[PDB]
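Colleague: Take a look at the letters that make up each chain.
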Amino acid sequence: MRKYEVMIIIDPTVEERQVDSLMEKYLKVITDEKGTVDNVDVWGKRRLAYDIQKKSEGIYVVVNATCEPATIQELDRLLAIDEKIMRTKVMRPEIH
Amino acid sequence: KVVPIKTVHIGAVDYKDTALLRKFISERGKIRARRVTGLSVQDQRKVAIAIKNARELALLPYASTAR
Amino acid sequence: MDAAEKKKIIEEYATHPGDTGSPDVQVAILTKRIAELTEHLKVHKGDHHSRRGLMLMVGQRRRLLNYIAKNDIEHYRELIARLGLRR
Amino acid sequence: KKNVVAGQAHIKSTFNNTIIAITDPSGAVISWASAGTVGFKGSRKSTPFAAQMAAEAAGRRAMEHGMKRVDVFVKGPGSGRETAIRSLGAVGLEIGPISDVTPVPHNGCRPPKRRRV
Amino acid sequence: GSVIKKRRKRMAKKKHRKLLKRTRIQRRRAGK
RNA sequence: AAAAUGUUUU
RNA sequence: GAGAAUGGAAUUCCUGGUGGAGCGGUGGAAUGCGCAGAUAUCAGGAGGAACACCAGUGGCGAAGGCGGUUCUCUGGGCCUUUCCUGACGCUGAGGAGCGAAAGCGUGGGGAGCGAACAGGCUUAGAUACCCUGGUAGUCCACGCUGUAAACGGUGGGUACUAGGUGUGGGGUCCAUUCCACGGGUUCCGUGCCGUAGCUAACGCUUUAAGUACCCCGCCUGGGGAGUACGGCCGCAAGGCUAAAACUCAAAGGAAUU
Ligand SMILES: [Mg+2]
Ligand SMILES: [Mg+2]
Ligand SMILES: [Mg+2]
Ligand SMILES: [Mg+2]
Ligand SMILES: [Mg+2]
Ligand SMILES: [Mg+2]
Ligand SMILES: [Mg+2]
Ligand SMILES: [Mg+2]
Ligand SMILES: [Mg+2]
Ligand SMILES: [Mg+2]
Ligand SMILES: [Mg+2]
Ligand SMILES: [Mg+2]
Ligand SMILES: [Mg+2]
Ligand SMILES: [Mg+2]
Ligand SMILES: [Mg+2]
Ligand SMILES: [Mg+2]
Numbered sequence: 001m002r003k004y005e006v007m008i009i010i011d012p013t014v015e016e017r018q019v020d021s022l023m024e025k026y027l028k029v030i031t032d033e034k035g036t037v038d039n040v041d042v043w044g045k046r047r048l049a050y051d052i053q054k055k056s057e058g059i060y061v062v063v064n065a066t067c068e069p070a071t072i073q074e075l076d077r078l079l080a081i082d083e084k085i086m087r088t089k090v091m092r093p094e095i096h
Numbered sequence: 009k010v011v012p013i014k015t016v017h018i019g020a021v022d023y024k025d026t027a028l029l030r031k032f033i034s035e036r037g038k039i040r041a042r043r044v045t046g047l048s049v050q051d052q053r054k055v056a057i058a059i060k061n062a063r064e065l066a067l068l069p070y071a072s073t074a075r
Numbered sequence: 001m002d003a004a005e006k007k008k009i010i011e012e013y014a015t016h017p018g019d020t021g022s023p024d025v026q027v028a029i030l031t032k033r034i035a036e037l038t039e040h041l042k043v044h045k046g047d048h049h050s051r052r053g054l055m056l057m058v059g060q061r062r063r064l065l066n067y068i069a070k071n072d073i074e075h076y077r078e079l080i081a082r083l084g085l086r087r
Numbered sequence: 019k020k021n022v023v024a025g026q027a028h029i030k031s032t033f034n035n036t037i038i039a040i041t042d043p044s045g046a047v048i049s050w051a052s053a054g055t056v057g058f059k060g061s062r063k064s065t066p067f068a069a070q071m072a073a074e075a076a077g078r079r080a081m082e083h084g085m086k087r088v089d090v091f092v093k094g095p096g097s098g099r100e101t102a103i104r105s106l107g108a109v110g111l112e113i114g115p116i117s118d119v120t121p122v123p124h125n126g127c128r129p130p131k132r133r134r135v
Numbered sequence: 002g003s004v005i006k007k008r009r010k011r012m013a014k015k016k017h018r019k020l021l022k023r024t025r026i027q028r029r030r031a032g033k
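Order-wise, the sequence lines are chains F, R, O, K and X.
The end of the first sequence is residue 96 by the authors' numbering, with every number in the run present.
The end of the second sequence is residue 75 by the authors' numbering, with every number in the run present.
The end of the third sequence is residue 87 by the authors' numbering, with every number in the run present.
The end of the fourth sequence is residue 135 by the authors' numbering, with every number in the run present.
The end of the fifth sequence is residue 33 by the authors' numbering, with every number in the run present.
Accuracy of the hints is not assured; some may be wrong.
To be verified - No farther apart than 20 Å at their CA atoms in a straight line, the calculated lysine to any residue pairs in the SDA-like style are these: (1) K/93 to R/37; (2) R/38 to K/123; (3) R/38 to K/119; (4) F/55 to R/64; (5) F/3 to O/3; (6) O/8 to O/41; (7) F/54 to K/45.
None of these hints come from the bench; they were simulated from the model.
Start from the sequences, fold in the hints, and give me the full structure.
Modeller: Written as structure tokens, this is what we have:
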């Protein structure tokens, strides 16, 4: 049961509601096995410092979640196999 | 030498926090050297790692190019 | 080795309640670490540096067992009988 | 033929010669010149004067194609970069943000072997 | 070191290796 | 920019 | 250290737009490429490899070595006042493992680079330097090989013997803070200067090449020769072990002019 911080860059065409639905389903797959979710922050739409998949902007999400390594890897593979998220990064701050 | 460049403190690095990373990135978009940024070795390492992460994660440009 | 089973091993191989550094405890800890590293190496056969660490642990445990057997041979027999019978 | 007004310039100056390309901001090249095109050939086409001649020729042809002030991007470890800049200025059209579009690898591909002159 | 010693050993080694190259076939037919 | 060599006196 | 995913720039190739006579290359050239539209320029795509800046005067590793980021797995080091065991230490023939690069085997991959090779130049000749091409290889997986100026040309352990001055890591103390700037102090690294001392000299000098004790490897003039014969190892290349006849009266180290 470690804690991780996942930053998610979602395609800019998303306009609310379905972003929340995606967040809910991914948090569900986290929480199916004892994986508590500490915080979900939606920065919103921001201009990308460079083009990502031909897109100049993106929706930024930060998910602080305490879970198992297998669970976080499975969440990462789900985010990868998804076609609606431009990029994902999984930080594990060793101290906090 | 380098003592006249007084040691600078930053606290938490937090690659999300773009303000410090901008303060330590060069005007061209590069990472400033230690002798010009005035950071300890550990703080400089953390700043460089955070800059690289922000670059890969689109919070910072790989090179600002034209000014 | 999240310190939980490490403390468990220390307490169930200690000679007396305060014991945490006697050769028996050291050999038990080293054997558990050798087993774990053997599994890790079976997963990653290419980890030569970790294999060298494993060999260092093996030699250290061997010297500890040699000391134990030089002092008390029956105690050495009981310890190794608990710990994998020295095959 | 057609008046492009704005346009832009690309000044590729290498150790061997200099090439000037006046292009539509869409990237389509309007006119171009090089030391080889304007007279010089071989070793003597690396000189800054060759870049001067080529730059002024390209600028003139772009002028009778009807092209006003230029934004310029320069590239390459040549010697005729600045001289070509002056040349465009002398032929006469407002020069804007001189760039540094020259590429730089992040190690990337291996460079060729060191010469043993 | 005067490098002359290394050059002498270099030439001896290179000559022997050339001999091995030229007599490679005979050695494997009958010998080392 | 490449541009080699220098028998046996007494 | 191992595994997996993944980021951006650059090169090359591909497709398209634009545009037209050269491009490229050198000491100078030519081979070469290019009106069948190159070079250049913009857009889109494919692919392999290496990770600018951070980055050295630095870190880590037994050595060889190790630099995009993230996660997973894992080794060792350092410090600490208490705590535990109570000499359990050191070294280590033979043996075993690890061991840059090149090389080898099977399969994959192949952008760039590039032995061999082809051509152009230079030349008395040029089986070279330089230029244009360019295959193995470089890359990956699994093995093999086991050698390097694998060098600090300095085996490991320990104790002692002026200092001065940078720097990396962990503590702890102080004043203003109630951060940190600062100074100290302590333990472990890593450089430079330098005393005693040592050395043929150069130089080394608390990281010894000083003063000592323990264990291992090794040397006994230069060639012949790390060669032959034999044996072992290897798929091969070769590696390891290792002479003698004969021959010379020098070979060599540092330094001086
Ligand atoms: Mg691998
Ligand atoms: Mg550098
Ligand atoms: Mg150094
Ligand atoms: Mg006691
Ligand atoms: Mg061996
Ligand atoms: Mg290799
Ligand atoms: Mg191969
Ligand atoms: Mg093959
Ligand atoms: Mg060549
Ligand atoms: Mg070496
Ligand atoms: Mg040696
Ligand atoms: Mg030894
Ligand atoms: Mg010693
Ligand atoms: Mg020291
Ligand atoms: Mg000596
Ligand atoms: Mg031999």
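Colleague: Against this structure, judge whether each hint is valid.
Modeller: Hint check:
Our distance criterion of 20 Å between C-alpha atoms is met by residue 93 of chain K and residue 37 of chain R, whose separation comes to about 19 Å. The hinted pair formed by residue 38 of chain R and residue 123 of chain K meets the criterion: a straight-line CA distance of about 14 Å does not exceed 20 Å. Among the hinted pairs, residue 38 of chain R with residue 119 of chain K is consistent with the structure: their alpha-carbon atoms are about 16 Å apart, no more than 20 Å. For the hint linking residue 55 of chain F to residue 64 of chain R, the alpha-carbon distance of about 15 Å falls within 20 Å, and the restraint holds.
With a C-alpha separation of about 19 Å, the suggested pairing of residue 3 of chain F with residue 3 of chain O holds against the 20 Å cut-off. The hinted pair formed by residue 8 of chain O and residue 41 of chain O fails the criterion: a straight-line CA distance of about 24 Å is larger than 20 Å. With a C-alpha separation of about 19 Å, the suggested pairing of residue 54 of chain F with residue 45 of chain K holds against the 20 Å cut-off.
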